[PDB]
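Just one chain is shown here, as structure tokens, and it is the form deposited without the named molecule.
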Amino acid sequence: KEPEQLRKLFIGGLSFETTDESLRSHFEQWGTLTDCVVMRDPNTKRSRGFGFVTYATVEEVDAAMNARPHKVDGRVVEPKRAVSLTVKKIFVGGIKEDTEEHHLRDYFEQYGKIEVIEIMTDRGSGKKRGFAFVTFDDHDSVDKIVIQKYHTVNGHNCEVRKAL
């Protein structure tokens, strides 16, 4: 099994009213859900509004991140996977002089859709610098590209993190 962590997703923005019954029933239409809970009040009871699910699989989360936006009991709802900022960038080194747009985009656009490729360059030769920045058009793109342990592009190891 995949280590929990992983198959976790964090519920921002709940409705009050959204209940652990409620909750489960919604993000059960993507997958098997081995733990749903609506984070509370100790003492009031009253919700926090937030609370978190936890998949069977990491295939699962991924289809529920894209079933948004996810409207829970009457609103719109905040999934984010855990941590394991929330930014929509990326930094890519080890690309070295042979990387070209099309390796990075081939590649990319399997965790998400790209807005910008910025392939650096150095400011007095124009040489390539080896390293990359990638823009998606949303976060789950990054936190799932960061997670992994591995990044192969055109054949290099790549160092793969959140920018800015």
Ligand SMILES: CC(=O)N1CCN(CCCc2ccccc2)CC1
Second form
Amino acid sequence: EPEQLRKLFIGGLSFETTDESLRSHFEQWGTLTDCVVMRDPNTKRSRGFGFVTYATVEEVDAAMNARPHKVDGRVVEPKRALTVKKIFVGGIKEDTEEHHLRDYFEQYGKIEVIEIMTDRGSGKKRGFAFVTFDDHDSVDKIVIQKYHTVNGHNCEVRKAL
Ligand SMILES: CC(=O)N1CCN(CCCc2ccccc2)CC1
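Having seen the form deposited without the named molecule, could you give me the form deposited with the named molecule bound?
What follows is the whole complex; the chain from before opens it.
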């Protein structure tokens, strides 16, 4: 997989976290090909964020599924390669129902709201929907896929608001 899709940016680090301690933590969920704490070029003081690179996307998934991560005593904020919990799903036409969207998207994350859009005047389905999840990583996984097939339709999916 492209390296960009195997990275996790890690915000909110303890300033005492090092390359070595960040690595020892995140190696619990996969092989790390890279692990860096960002520091000031003059003082060497941590900037409070870094990144790790796993060998595979499944390892990224395992790390994200193991949140919350407390690294060196502080809960950190990992994100993949803006942070929203809602998607627009277009191209679903008039025959797509809630259960089609739920059965597919529930495998990306926990769904809180499905809104199938209807015409304000006639009530007819407009052919698009919004899905809201309990967490942003679902959306991040969704929007990096080239394709989404739901109810036989190839759908357009994008972050919403
Ligand atoms: C997906 C996306 O929009 N982005 C991912 C990267 N984000 C910032 C990471 C900055 C960084 C971290 C670690 C080493 C160097 C630099 C913001 C942009």
